[PDB]
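Partial complex: the chains shown occupy the same locations as in the complete assembly.
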Amino acid sequence: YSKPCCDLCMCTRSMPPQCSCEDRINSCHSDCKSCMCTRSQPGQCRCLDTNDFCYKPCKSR
Amino acid sequence: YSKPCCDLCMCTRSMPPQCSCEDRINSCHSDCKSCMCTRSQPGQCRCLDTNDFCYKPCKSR
């Protein structure tokens, strides 16, 4: 869907923590602020945004 | 969901083609025959099965 979730998240062991995510084809989630893709068809995209929290796992699988 | 789809697929340039896929947490799709995971909680899994076709992209994103 367009709603924000994340399956693989990583955080730094600092306080507050700094965390990020994974891969989608053509577009990133609606909440993403800087999105990076491959110059190809279909393009494989990732979110580069960093927060002090992780989104919840994608509810499907 | 439990239904079979695939976002990143790769095939050999032979006839018939030999193709495979990507990553899920704890479990693989219902149609998967040999599934491999990391000894960790939560475990990150992948399907090793090979077909002569690709499933369609996950309908959500």
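In order of appearance the chains are A and B, and numbering begins at 1 in each one.
Quick note on the criterion: a contact is a pair of C-beta atoms (placed from the backbone, for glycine too) under 8 Å apart; a residue touches a chain by one contact, two chains touch by 3 or more.
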| item | value |
| --- | --- |
| Complete-assembly copy number [criterion: all chains share one sequence; 2 shown] | 6 |
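Going forward, only the chains that are shown with their structure count from here on.
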| item | value |
| --- | --- |
| Residue ranges of chain A in contact with chain B within the complex | 1-2, 7-8, 23-25, 27, 29, 42, 44, 57-58, 60-61 |
